[PDB]
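In structure tokens, one chain follows: the form deposited without the ligand.
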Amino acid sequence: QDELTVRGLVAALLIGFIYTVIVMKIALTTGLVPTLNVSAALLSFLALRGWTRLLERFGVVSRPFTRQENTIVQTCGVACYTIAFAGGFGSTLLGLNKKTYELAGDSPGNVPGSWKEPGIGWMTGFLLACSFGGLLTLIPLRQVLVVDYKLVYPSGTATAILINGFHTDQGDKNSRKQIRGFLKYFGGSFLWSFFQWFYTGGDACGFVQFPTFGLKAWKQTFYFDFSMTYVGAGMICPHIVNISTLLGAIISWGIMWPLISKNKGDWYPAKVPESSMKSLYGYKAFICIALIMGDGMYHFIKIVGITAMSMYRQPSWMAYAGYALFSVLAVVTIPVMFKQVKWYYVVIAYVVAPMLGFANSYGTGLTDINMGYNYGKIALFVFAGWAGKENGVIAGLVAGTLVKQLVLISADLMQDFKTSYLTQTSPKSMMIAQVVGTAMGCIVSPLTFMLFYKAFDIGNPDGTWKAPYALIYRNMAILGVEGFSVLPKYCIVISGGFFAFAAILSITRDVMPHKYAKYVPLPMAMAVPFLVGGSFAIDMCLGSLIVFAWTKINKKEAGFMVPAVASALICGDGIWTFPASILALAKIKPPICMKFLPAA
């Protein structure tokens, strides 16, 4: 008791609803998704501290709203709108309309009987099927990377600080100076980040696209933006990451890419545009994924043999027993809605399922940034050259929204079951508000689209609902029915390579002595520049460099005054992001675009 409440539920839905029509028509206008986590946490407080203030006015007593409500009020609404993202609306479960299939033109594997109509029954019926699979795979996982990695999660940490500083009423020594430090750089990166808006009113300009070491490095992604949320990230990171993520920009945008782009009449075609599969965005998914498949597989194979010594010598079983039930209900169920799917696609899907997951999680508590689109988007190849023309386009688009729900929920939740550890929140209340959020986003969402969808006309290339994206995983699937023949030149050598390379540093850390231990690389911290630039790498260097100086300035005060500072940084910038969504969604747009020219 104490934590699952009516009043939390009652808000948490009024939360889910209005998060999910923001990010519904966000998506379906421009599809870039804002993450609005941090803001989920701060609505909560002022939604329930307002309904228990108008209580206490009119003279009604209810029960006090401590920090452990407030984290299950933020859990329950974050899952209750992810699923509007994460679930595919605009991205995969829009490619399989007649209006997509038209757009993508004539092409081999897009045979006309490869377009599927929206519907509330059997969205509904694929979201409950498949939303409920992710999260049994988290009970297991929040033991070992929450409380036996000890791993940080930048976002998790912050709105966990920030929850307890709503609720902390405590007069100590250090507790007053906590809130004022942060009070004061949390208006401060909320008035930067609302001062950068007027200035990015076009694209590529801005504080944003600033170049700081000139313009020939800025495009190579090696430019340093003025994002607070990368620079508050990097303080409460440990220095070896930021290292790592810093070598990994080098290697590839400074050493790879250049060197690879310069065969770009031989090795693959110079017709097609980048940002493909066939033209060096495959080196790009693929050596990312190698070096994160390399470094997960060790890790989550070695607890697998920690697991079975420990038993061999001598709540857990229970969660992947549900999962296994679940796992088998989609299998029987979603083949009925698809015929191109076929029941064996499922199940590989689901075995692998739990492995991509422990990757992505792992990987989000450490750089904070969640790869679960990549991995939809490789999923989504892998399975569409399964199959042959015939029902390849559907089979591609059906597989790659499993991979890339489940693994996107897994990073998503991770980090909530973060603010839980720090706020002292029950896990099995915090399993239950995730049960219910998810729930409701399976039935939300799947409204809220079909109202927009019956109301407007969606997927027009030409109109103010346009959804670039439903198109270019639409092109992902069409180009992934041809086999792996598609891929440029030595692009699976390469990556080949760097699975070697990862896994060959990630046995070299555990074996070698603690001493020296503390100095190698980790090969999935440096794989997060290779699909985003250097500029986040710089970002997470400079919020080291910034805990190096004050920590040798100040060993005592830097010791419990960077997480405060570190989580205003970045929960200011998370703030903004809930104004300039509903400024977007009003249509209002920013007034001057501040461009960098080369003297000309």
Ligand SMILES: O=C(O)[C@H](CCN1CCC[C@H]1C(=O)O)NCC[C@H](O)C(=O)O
Contents of the next structure:
2 protein chains.
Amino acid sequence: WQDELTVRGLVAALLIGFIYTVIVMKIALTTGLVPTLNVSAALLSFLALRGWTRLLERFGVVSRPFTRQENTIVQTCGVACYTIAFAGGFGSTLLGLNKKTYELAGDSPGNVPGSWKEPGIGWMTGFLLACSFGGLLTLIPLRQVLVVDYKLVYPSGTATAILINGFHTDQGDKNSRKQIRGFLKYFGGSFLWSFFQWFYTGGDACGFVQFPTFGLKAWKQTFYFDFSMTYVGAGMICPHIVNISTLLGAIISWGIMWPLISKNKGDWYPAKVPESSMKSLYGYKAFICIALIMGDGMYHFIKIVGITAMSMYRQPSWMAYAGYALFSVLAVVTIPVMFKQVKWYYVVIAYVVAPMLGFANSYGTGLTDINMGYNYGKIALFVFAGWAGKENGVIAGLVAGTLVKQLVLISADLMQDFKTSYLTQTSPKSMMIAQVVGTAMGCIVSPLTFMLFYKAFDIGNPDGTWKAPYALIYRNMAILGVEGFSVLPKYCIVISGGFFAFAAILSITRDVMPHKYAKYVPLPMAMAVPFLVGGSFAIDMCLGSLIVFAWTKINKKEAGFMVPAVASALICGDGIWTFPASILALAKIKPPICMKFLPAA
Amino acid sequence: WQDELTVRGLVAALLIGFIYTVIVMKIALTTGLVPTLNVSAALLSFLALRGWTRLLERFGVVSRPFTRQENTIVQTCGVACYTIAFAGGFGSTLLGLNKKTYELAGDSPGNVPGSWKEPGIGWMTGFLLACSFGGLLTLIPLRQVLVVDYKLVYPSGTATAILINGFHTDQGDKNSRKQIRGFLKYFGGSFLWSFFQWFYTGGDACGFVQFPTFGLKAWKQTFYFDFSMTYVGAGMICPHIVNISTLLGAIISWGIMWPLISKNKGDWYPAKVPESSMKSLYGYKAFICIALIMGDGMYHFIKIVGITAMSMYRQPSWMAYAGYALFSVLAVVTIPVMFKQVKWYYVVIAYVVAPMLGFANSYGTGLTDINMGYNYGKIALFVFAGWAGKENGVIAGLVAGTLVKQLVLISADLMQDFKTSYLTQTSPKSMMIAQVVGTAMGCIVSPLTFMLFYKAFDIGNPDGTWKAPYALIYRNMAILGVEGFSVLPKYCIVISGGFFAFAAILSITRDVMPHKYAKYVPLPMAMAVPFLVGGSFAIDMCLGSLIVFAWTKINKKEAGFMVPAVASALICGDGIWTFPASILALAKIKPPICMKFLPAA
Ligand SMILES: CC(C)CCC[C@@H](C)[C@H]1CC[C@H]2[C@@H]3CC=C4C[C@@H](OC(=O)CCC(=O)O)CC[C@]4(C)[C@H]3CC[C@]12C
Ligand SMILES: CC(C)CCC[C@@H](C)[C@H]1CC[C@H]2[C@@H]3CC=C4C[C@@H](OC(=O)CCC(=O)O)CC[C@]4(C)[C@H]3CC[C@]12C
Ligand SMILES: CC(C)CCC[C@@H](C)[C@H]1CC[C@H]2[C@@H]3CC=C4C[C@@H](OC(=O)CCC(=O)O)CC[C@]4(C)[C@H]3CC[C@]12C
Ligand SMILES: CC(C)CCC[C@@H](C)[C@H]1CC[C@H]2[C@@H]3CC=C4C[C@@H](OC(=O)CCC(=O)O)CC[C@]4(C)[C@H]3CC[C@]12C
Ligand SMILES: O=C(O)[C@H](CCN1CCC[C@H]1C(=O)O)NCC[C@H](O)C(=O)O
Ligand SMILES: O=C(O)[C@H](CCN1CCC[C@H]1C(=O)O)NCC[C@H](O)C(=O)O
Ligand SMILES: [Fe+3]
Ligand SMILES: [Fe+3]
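The structure above corresponds to the form deposited without the ligand; please provide the structure of the form deposited with the ligand bound.
To see the whole picture, the full complex is given below, headed by that same chain.
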């Protein structure tokens, strides 16, 4: 509980959060493709504190030793600081409320003239403070069930824990240096492989990432193999049933269902509207994907409640939810004050389903390491926009979309650190203090960082440097969302309801049979991840499982303790390169070559 | 001497030679890019004879065991049969004598109307028989000096010998199965890597072979890294001084000399004529390349003669040269009968320099595994065309170009098998019998195979399927060659003479210093190989030396006996795939995808 919270750690976390906020914010306001930087934060937290201790030792100043528990605290505090930068919708949703996006959207029903709000320090900071801490309190009951009871493996959380453990190991065990040397060989190889790939991804859909390994026809169906060691490494430490389910979901959606649905491009949905829109082939993608997750997610949530209810019938869990209710009512009486377009009971509905929605995202992140939190926000934005008419509907959808996205996204990304703390033997009490401190600085720094960018430069211009494409894209969903569920394509609800029931049946089927049949049951929400992303992620995960399957047969003993080290090195090596790659995009240094693939034209 | 020459081996070699002639001839008359198929012949010779013995055992017929010595005989006899198909200039030079190429070349000085000859069984077979056996007799004195005295490593000969040895090993030694399993792991990996590469080389200069590893600017200077395991594997078993010399030659020519010469595209040589022509930047490439080889080649040839002359002064070698003189005078009194355009003393000059020219090619092939025999023919074609005026000059250049090319190319490719026989403990006496028998069938089958293609189809049409581009290209060199050395670009002879002297000085310098300085002297004709081919071959060879250098430091003991096995597997794996790739081109099955690289346009 103590010896892990230090003043130097607070300074280090504050600095790491500040630069990582600037990197995230600048990328968000220029391209909207914010990268994952959690792994890089662990390395920077390690280097900064070891450098400070050595520099003081050089000057003769003695300092307390820097252990792995303190490294986890600094990394966790730093991550929470810059997570608010993109979880708060500064480049997607909150920027969609400005006047510039209102004019670009044009004149249409729902887009009434009173649907713009201007950014400011006073209201952005208060908006974040009220709602950011809501997700933190939900984590405490979720930490027990997911991290250790359900034994969910968080591949990025597990990889970071091994990386942090390898930094602070000092005693010469016989298996330790076999692991450390194995980690270092593949860490350098993966980092150099990612560095080599960068020079050839200099165009739209070209490079080693867009490699048509099984042909150009299968590549267009997203059934290729990108040379991503993050997904290959993640699949190595995931169970085979998770990897098989991921591929099985990609086959059903991209190999069968989407081609069959696309044959009705003129009947079921209009063909003039572009794809990736909620009226054309993306309503199928978004609603079927959540229905698979929600159908599986609800049953486990009811099962936990049902088990808990029976246990107390037979006879700090309520402390966290009491604080959550206190923060819930605080947002209920504050958010409508800032936005008169948002009614009081809109916030109430958002805060009741958030523990239930946050659980599903955390469970899904604990299976496939994919955070779908921003996908929940898109559905909630569409639904909440339909709960209001043309008047006060666009702002209501955007504001309520930020609420659902934050409590869902924050919960899943911050379960990554609890898995890291579990493996590094860090006290959960000290973790939550770093959770609150990191979130508190994030709710202060990010509004300040955004407005410095906002005042100095011009963000939102379609023809310019600081272009925020997702500010207008998120605005259009709310404009499309003011109309009810009628705008969804034909049979969209019927198919979604069928997949909701099908997901529930698998959850029923898995838990009712004996274990010697129950391990062949595919996981419904591991299936749902490739419904939105392509099947390349599924192929990469299965390749990682194939490597472990072959390795175990060849050498059972070595694969027992070397698979986690090799898999973590592959994840960390690609994760570390994400930091220099972001700096290159920060300085506008584009790749020189574009590796295109053509049909022998 | 016996137990290696068998009737079943003769039948197997005759069959393997016949199909390989058809594959070579069809590719020669359609694209002119004849591939290397020596490695594949060893595998097919092994499978055919093992299949025959097992099939007879299944039917109850008992047969003599099939040893590795018999496998070397069959492979050597088969190789000599189909080597004549492309060494005889059936698709480049002999096809340039037909009337179709004469009309396509147009009306120009030197291209007199009496400069066409039509193909036929009677004269093609007699032309080959007179001159093909000339190179065989020169091999006997060359076998002693090059294979074992000079200890030249023939990477394709060494790789084939290890492949043949691994086929016929039966006793469970402790290091044998470590070598066999190491060979098989990299043989399958290299073969599958070559198979994977094929689907993406579906265009002009696109694919993994044309990979700009160091940028597009360096790729245009041929300073990239093609993913060729043949050159990487060849460089592994070559000494470091050979690999370093190869890179050092590529730096001088492509990195320095060619860019400097190209700055005078309007002054030194005319700019209207295209490159790769003897009047524009290719006279520099061709004449400087030979001058480096000839300067080094002459000194070693004089050194052997000087050493031999001193030895006999102090006091079967002459049997081979007595037979060579007998075959030399036979061609002198026969070739001018077929071609009245060729004078008797043209053949005499060709047959005197052929042992001296053949030695240099065999020495160069024993260093870098690159056969430059067809490059000698281009120089001899140009020179002999200049020895005659506009009258009887084009045919004289073409016919004399075939003579010089055959005795030079045959000598170098057939020293590959003598290195194979040396490592497989095959009797040299039985090797020469397979040399003569294989050449005798080659001089019969190839004229017959060519005319069956010639009579049935239409070869030589620029707009058609059976197009022979090199038939017209070789015709144009003779047309350009009737004019003397004045057509060469400015300072072409001066620079060539400077490199001839510079090559000689290194040969002087290497043999005069003590050995503890003599190992740093670059080899002049290992430098000359990247003067015509790009520097990618140099980079691949140096990467192979880097792998061996790192492997030796990490584990001295294992790298001692596993480097030849791994290197041979890389060469054999790419060599084996050359057979199915040729069948795909035989059936006109083109690669589906073309992996292009663009400057981020
Ligand atoms: C033993 C293991 C390592 C096997 C290797 C994987 C194969 C199963 C893959 C690798 C390359 C793949 C091929 C790569 C490219 C194509 C081109 C594709 O043709 C196209 O449609 C390209 C575009 C066009 O031609 O219009 C058809 C599938 C095919 C043959 C793929 C079939 C499956 C292949 C052979
Ligand atoms: C074992 C691990 C490492 C993954 C290997 C998977 C591939 C070898 C196979 C398995 C699933 C196959 C896919 C299954 C389904 C389809 C759907 C099919 O889609 C269509 O029918 C086209 C629809 C249209 O016309 O739009 C094309 C082949 C493809 C992509 C197949 C291509 C090859 C895949 C990716
Ligand atoms: C530790 C080892 C493995 C180092 C890895 C090799 C590097 C030394 C190579 C690999 C990629 C190479 C780069 C690949 C591509 C380019 C693009 C090239 O720019 C171009 O001219 C492309 C065409 C254009 O932009 O017009 C400049 C060199 C550079 C940076 C190359 C510089 C050298 C690099 C970094
Ligand atoms: C260590 C082994 C594995 C090989 C690694 C070699 C590369 C790292 C280096 C060594 C030689 C270098 C080349 C040396 C000379 C040149 C010549 C230079 O040519 C020009 O000046 C351009 C002339 C023009 O404008 O036409 C461009 C850089 C280049 C290709 C360099 C690119 C990078 C190379 C290939
Ligand atoms: O939101 C989006 O769809 C895109 C890409 C998806 N986001 C990028 C990484 C995190 C993810 C997310 O949001 O969780 N981001 C728009 C700008 C910014 O990321 C934001 O959301 O404000
Ligand atoms: O000769 C050439 O320049 C080209 C490519 C080079 N030849 C192909 C492989 C062997 C090499 C050689 O000839 O030794 N071949 C033209 C047709 C045929 O190969 C022939 O030469 O009759
Ligand atoms: Fe986003
Ligand atoms: Fe040729």
